[PDB]
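Selected chains only, in their assembly positions.
Going by the order they are written in, the chains are A and B; count residues from 1 in each one.
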Amino acid sequence: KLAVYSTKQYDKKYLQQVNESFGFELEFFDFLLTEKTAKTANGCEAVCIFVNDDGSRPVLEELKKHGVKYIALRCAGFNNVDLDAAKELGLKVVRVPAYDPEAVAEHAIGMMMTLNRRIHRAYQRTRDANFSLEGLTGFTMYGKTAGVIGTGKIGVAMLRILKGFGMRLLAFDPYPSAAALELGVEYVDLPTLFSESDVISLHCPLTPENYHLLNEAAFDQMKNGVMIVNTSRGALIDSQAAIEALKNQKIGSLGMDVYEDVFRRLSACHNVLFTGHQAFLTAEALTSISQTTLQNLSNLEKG
Amino acid sequence: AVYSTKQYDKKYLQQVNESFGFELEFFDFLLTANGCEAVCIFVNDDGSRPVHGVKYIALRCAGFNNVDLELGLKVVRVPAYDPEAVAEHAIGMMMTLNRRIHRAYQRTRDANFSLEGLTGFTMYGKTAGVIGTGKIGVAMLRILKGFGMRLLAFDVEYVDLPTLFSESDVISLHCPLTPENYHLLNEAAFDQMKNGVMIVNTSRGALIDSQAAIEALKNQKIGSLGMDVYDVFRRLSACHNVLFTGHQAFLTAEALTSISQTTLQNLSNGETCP
């Protein structure tokens, strides 16, 4: 009954397990949706697409021409698909609007601990049995001050975790959540947060207001050899500015989760870790995405 | 006069030394020492019988096996490492294994962003089991708490091992090595545990039945294994979710400093703990 596109095995794995409850007819394609590949959908009420797959108008028309009713998104971001045209074509479109907050918080910390301890580098040594420890010197988080920017669900989840480490908590949101407050987080202005903090992590949405929020001016406030981990949108961090910092040694480590050769130079010459939008890649996180995306499909059958 | 020195060892001893103002001689080789009242040695230096006027011997580590014990020589050591750092390391291996970050870097540094096979699990729901209630275990135990995990331990909610083994979906052991301990984790254990379980040991090797583990891994009883190691390695790491790290647990500036301090005072000394 449904055909899925840009499938990766993890998609296949958890849509299926999930579908057990739904009992849909699932057909998986591993290639990008396009005008040219639009045909494949035939006999399919519904289609499932990730961020890369093409929603441009033509694709949509073509999808109609094949009797497709419903379009679903395995991800919150619906930038690819042109909604107006969809309406004109009477194609419902659906999505999953949030990811388990816990996963992104967890990932972020994981990059943090990995960077902190150069575990990623150890492996590269270890696997070939080079046990030399030079350059893997880390730091202990206990004493330190942790600065989190944004206090949404994810941001808080990160905070609980950080609190675990015995870290002292500073956060920067306009609005301060109780939930954050019961933790002991103390809200401060950025400049304060920048100087005070030896670990910074951003869990906030991009607004024109905070684009390039972390920029050269920001950097020179912050401590030397600071750790910055960003699982939020790319724009929040100013790449060029960041890079200068790394080289001139303001930033100890940087962790980036890349929404969809700087990498090679950066990764190789620095404590930079890059991960390709891995944040929600947990079984739980995937299962939820499926329940949501299938359920959405169910609902279409009756309101 | 310090032996088996590595740059970090050198770094933290020097910084700490500023308060002490001892005179430091650094050697990069194993265990020559004329003009030195005392010596500093790591785990691998040799302190048996056969081994110029050196009054005292100091250990840069908790363990005194390499050395022996009459010749008018006093021996001191550091019996603790920052509990937190090691605890901190233990998780970090865990997260790295969980999220397969170690393998992502492998891809990423060459700009491959495929995510297949990096899928992990979310710790928030999960039960967690700790072995050892020592400073380290507790320290780890807190960290785990932050995760929202549910804690069982053995030496929170204390329980017998079997109870722990079946219940726990993550395990970490932070206890010293005892005759009772040895190969504490063995086939009997592994076949108790949840399939896919993740085990991390920063504590001594003997806690785990090595061949026993491997069977388990092949058997797919164990999801991931983390070992801090005081061609199996290549094999294991390569064809499994195995991360071996070379006794890094206390490699952090704070800990290294703590070690140097405790070591340097020990030498200042009154008496102290040998």
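The working rule: contacts are C-beta pairs under 8 Å (C-beta built on N, C-alpha and C of every residue); 3 or more make two chains touch, one makes a residue touch a chain.
S.K.: Please give the number of copies in the complete assembly; 2 of them are in place here.
M.R.: 4
Rule of thumb we're sticking to: only the chains that are shown with their structure count from here on.
S.K.: Take the average of all CA coordinates in chain A, do the same for chain B, and state the distance between these two points in whole angstrom.
M.R.: Distance between chain centres, rounded to whole Å: 32 Å.
S.K.: Give the list of chain B residues in touch with chain A in this complex.
M.R.: 6-8, 82, 84-85, 88-89, 91-93, 95-96, 98-99, 101-106, 108-111, 113-125, 142-148, 229, 231, 233-234, 237-238, 243-248, 251-256
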